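Below, in structure tokens: the form deposited in one PDB entry, a single chain.
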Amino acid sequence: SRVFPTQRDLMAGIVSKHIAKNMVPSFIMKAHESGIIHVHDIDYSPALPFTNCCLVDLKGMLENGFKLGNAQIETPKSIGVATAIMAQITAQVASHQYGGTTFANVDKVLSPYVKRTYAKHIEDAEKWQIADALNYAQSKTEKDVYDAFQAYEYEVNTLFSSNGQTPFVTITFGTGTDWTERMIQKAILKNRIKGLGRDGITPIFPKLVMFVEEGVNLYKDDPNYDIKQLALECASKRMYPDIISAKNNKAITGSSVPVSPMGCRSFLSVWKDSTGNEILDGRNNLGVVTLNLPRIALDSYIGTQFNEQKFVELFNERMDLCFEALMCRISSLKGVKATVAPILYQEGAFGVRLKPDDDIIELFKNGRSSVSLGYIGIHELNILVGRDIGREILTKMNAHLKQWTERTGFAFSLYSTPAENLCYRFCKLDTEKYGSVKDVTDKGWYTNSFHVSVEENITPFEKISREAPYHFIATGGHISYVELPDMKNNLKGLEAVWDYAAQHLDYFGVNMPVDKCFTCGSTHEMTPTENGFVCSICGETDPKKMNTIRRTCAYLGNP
């Protein structure tokens, strides 16, 4: 885009790419340059000591106070101000890390402030002699909460003035049963269903993730079952939320509490502070280097046949390569001070408080921060090698990772790279060397991690059942998608899929069509044309006259 903020960002990205070339060892760059591996965010790191994604310690920032500039902010006295502060923090964090930023359990964290808002409306009843003191406060408070999250949504939408790579913001909830916590959840979902602007279009951020759990909102008789239903409506109208099986999530992370994803789908593993406490909020990831799997197999061919021996040599060889690549950037952090990003290291953001001249690297050591080793297209890999080695190779990988972790003290993990673009980059480069290869590089892209090919036709239950096991292997990051027709009226159908998913896997999301004709008002699925979309019951063809959203890869977008 020819928008100033974007233009400016590209300049800094070009200088950063160049600088990266003078910091990263030649053998690593060459590998990245040829498509064997992919050093993510090379346009940010290692030119500058940025970190990746994270879970913001909002709970700790609002309770203890923190500086935002020279201004010493104090605990919010109302829900509205709490979300306003949240938005303000979102802007800070977004400017100090190249990865996405997440606010986990906003329903449990903001809860206190929904109470303070109620408190006030009560005193206001015992001051103007309000009739239904209680029925009054419940009304106003309920509204306050609504406006607060509607304000948050526009704050985040405005942060597309930064365009220093769209601010990926994620917000999770669901594990709250109290009225306040319930009000927050509903407030969030109601705002989302409504949409943005007078045409109630579908927002692309902040991402929504709701935790489902037996005895909370899973079964018809659970306290928050009404929420689940609302959530179903939202997902059919707005695409999000996505759902996380608290059950499996906890098993995978080994955490006593559901673990929200940092950004799109990066998951931390349970960790404890010097006095034995399980800490989640405030933690982050250090970077991502993705291994091009199909390409390992392609390089293992001799003539037109696969050679198992060569494969193991290149695998072992490239595995060490990736380690080297990751350790290359973790080391660029050696020596940089907290003066580099105050909200993150000095105020509450990363859950601690460093002195300006403290080194930021010590904070990530000993398993606190996760480090990502990504991969892509097991599907194309299976084709290339004959059998299905998905689960097996991903396991051989975890093995390597464990040694890395034991040799460095850094929590290395298996991450299922969203690869929104890399899906193309890898294929293009591989094609420059092998050209069109049936089933592998012919379509022009590699399928995502362990996802079943976007072509293969299988029932949704067959699909979420085929991918489910990977969620327990690639602990660092994973998600499972399923394609469904309009379900706005068939919510039970959707609830069927959610339920089955919640049971077998961890991070689940179901993408279906979400269009709205601005002229005729139809929300039925548009009709695909060589020249764009056309409304079935209206004929509208002008793109400026409709809101057509689809989750092709990792995010929501308009084709």
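Residue numbers count along the first chain shown, from 1. So that the term is clear: the rigid core is the largest set of C-alpha atoms that superpose within 1.5 Å between two forms. Shifts are known only where both forms have a C-alpha. First, how it differs from the form deposited in another entry.
Superposed on the rigid core, the two forms differ between these two forms by 2 Å or more at the C-alpha of one listed residue only; from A137, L314, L159, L298 that residue is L159. Taking only residues common to both forms and fitting on the rigid core, the CA shifts of 2 Å or more between these two forms cluster into runs of 3 or more residues at 69-71, 159-166.
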The other form holds:
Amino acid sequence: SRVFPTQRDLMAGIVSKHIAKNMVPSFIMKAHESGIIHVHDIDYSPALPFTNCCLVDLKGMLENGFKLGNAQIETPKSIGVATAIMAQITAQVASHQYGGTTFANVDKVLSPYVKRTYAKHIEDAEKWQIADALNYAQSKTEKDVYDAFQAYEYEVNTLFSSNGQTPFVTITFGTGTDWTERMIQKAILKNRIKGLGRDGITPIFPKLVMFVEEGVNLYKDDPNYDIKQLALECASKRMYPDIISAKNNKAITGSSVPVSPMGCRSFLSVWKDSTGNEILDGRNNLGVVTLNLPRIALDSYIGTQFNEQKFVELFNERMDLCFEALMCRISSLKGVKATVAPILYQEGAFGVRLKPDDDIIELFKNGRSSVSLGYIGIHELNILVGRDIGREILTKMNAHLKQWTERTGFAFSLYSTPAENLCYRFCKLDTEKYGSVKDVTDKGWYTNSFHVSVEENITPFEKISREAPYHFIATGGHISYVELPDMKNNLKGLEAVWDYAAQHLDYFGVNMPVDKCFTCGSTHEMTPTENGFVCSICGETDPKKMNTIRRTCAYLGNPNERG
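So the form deposited in one PDB entry is up there; where is the form deposited in another entry?
Chain alone follows, minus partners and molecules.
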């Protein structure tokens, strides 16, 4: 935060909010200022025409050529070089949009390049007359690939985005059986288990999402079932990888192939080009405006009594407000040329190649890009109205969303905002007006989207069952977590929730304690002190002598830096 690149970003942030204050209609800013809604990234958009997140079309760029910076890159002739260009792209893309960036199916996209490192090695055992032909190659290739993903793993943690930060990047895999594809998968997983750096700590990025599917990943007999096992190990030691149910995913998205989340959890919906092809990679999201659901209910109290009709009034009113807010920023996009971000619009990233002087707004119309109507705190809302209305209000929302899509041509969808930050702001702005409302603003924060309350006491299986239906309503983005104790040696139980989840819902992640004592090397849950974590079996307390990760909200982090 005192670091230079950050100071600089901050400057551009202050200037941006200032310009926003002037571009955004007074009534929308007012609502944002007071917590009715929340216009995300007001420190980037609409001051400059940034977009949000995306699925980089890596196959397109690496396949054909592309210019990156000053280099007109050619197709990689080796695996290591591809995961380099990828780490470089990760950085450039992170610097031309204010949202997460995702490389979907690296196992399948990067496969060709393993097949080249192999070719190269076979032609080498054959040049130097080596005993084992097919055996040299295997080995060398297995290594080249581990190193290649160890490079990526590190480069994502050493390369900075223009705002002076590590790229928020997501890598997905799992639907590949070819030997090269399987090789990348174990490559990614072994590296993560290994840990980042000298002390093999749990990296916070890149996120790892593995698709699990019947006949590939989840049954004792399926081909990559061994991979599932390494995956369970990995997750029990570093949280990631999260898993996505290929079955429910396809069903919910409408795509014939599993849809990877752009960033944390923004899902695209199936879309086709002029020639009728389902396009996934290269597509993106235009932004997010989150609706403070609790605040709708609170604002519609008469005295200390909830008034149902008042709710129906403000709801419809705030629904329109949100549409006006989203449409505001989308319009700011008119006139903007491709000159604004070459790797996105001119070279491969967004899946097309626009001329410099082309408008960028057309590339997003008619459903290619998605737009987010975010919500939060279904729990506190229920408490305020007196009954679970979650499944249904979210549904009254898709209804509006559908009308919007039809009137504007933009593909709007229900997004369950991660709100690592918003969970506090809204509560705080609401507390400012309503004081400490029991069970609502009292705890200090709101529960994520449709998640069960933490303070509730259910069974992992019961929790996923209570949430699963939402994975089908809030299609724009969604995820479910369940808390388990150390599972390092109980992978069967861990695999039991994964299995149950992969059946009933879509995007799933299980977060359990992942700690490491540097002095004593204890992979056991440190016990919390009124002053941090303490090593049970070595008494270690100095924070610098340990790595303590916990996914308290959306990302992982050391909970000893917050209070």
